[PDB]
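Produce the complete structure using the sequences and hints provided.
Read off the chains here:
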Amino acid sequence: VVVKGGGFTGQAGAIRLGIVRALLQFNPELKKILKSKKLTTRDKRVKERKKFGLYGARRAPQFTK
Amino acid sequence: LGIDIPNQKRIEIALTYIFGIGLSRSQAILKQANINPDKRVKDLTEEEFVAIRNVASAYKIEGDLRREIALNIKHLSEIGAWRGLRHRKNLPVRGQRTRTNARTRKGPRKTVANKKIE
Amino acid sequence: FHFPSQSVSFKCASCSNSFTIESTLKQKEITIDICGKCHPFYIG
Amino acid sequence: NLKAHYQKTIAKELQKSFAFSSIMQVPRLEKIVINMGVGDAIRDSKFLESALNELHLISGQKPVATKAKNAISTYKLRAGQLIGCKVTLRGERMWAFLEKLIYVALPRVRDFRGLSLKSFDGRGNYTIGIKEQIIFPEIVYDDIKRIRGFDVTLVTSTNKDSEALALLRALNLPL
Amino acid sequence: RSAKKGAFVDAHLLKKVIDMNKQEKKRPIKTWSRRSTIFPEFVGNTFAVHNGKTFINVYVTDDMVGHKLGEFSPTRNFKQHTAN
RNA sequence: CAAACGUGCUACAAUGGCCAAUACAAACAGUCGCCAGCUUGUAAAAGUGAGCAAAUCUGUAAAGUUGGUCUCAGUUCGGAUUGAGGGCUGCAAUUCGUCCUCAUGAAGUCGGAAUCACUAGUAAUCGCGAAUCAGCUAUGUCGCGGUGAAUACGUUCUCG
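Residue numbers (PDB author numbering), protein chains in the order written: chain H, 67 to 131; chain L, 5 to 122; chain x, 5 to 48; chain d, 3 to 177; chain R, 3 to 86.
Since the hints were made in silico from the structure, they are not lab data. Do not take every clue at face value.
For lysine to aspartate or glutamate, the following DMTMM-like pairs were computed, each having C-alpha atoms within a straight-line distance of at most 25 Å [what the hints assert, rightly or not]:
1. d:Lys162 x d:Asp123
2. x:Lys30 x L:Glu50
3. x:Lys30 x d:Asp144
4. L:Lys64 x d:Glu134
5. x:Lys41 x d:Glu101
As structure tokens, this is what we get:
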């Protein structure tokens, strides 16, 4: 395994996908257990773009009344 | 100086409770003494103590520092200068937000009502 | 009744000379940081 | 103690200094009084047993307290309720106290610059103001309700200040 | 001074100081600039420093020269607290 | 400036400080700007002098990891008012710059009635980039990426 960029957990997920993809191409019946355990490819789980006027991604400063 | 420092601690922190000497200067003075500090050692001999007194007297002890600073404040306050006038009224001198946030010398916490409307 | 207090040795703590003065007799040969004859404020 | 040294040297140069040609008209030491001046023992405080034991250790003789000479209306003090201490010193104990103080207490002060401009009665008796509890080599580590000094005074035979100051200089008390 | 204008003075008021340093030190001289830092040559005269309303006359003492002229001229009034 | 509302940073700490070594990012910017390395300077920062009209070069990741280290104090956590000595910037550093060194180490133990943000790299957060200039306690503002949750029974009540 050789990685470029990203945090250790992100690199861990990258090598997760690499290992599983190489296993799948190695022998087709591996696909089956991938559907058995449902541990599969990317969950498109990435940092969303924070917006203007928000100190975070879903954070407003606070609402005065 | 020469006061019985609290026991049960390392020498580095032992040379901190004395007024005028903090952390880095304590490290420098300890290294000048060459005590070779170990864990939770307080008293081992007196030949170290004499060197400590000599090097401390080479620097300025708490008492003389207090006298000199009091004299400097007196001199800056007894001459025409905004710093002395500011210090005489018990307000910060170096320049900070003086609008509503200065309550380190401006009384612990006291307040008065503003004018009422409606 | 008066409790007896007798001489305690004091000869070398920060200088080489001192006078034998009496103190509490429950201990002997106690050391002090500085005495009169080696006090920088005493002479200088 | 130093009485042998006092008669050894100091008396003769004291005679030589001022033209009197008498061995005893020079100033002499009589007594030293130790007073505590307790004003904090109004309620259930340490009631001087800390002070009692430390003063009895620094001077083996029994310290004696004193009661109020009048009735002060700002407290519950009405001619009684003994306060302070009374220790009179003479004999070997002049020097026993004097060397202990001069060579064990004054250099032991946290910071001492000396003070002697006028501490006399106009007749040559010098009061000494103790600052901290710990100026004696021995002390019981129990804490007095208020950390204080001790009242001590040196008395001289002559009713003049110059000769008393000369004697004190001969005894080398810092000025 | 750091010799790198860390204690810089415009030094154009100093010309009048050199002028007045040879005429037996007569008291009245017109001088006002908050940009100037004082020197031992200055003491012994008056400064009509500009606070913002009028040229207030001040006499710098003979105890120090370290700080600046503009520091020695009070401008802000006293609060005179009015609790309504 | 006698005060109060706020909107925030940072503390009330052993879900840590301190001492050292040690990784893991991206995006953006850069020719009197990034400044490499070196002489250094306690360090600030000065100086010497490469490279970069830039996927070549410069912007050094931080939390994290290995060893200690302090053992429940209003402390060694925390730091601002306060004094001196210096540094940069700009012709200018008193009001009214910031940086370093020594000191200064108070107050503050989870903050009252009430209140705000959010269904996943989201809050929690951890360091960096940049419009702003010569510089700027902007503890701001537009973003980058690092670790990483908990919960969702249903709309009686509560609000829109």
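Structure-based check of all given hints:
no. : hint                : in the structure
1   : d:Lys162 x d:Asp123 : 10 Å, holds
2   : x:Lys30 x L:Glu50   : 22 Å, holds
3   : x:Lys30 x d:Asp144  : 18 Å, holds
4   : L:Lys64 x d:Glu134  : 22 Å, holds
5   : x:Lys41 x d:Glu101  : 12 Å, holds
Violation of the numbered hints given earlier is absent; every hint is satisfied by the structure.
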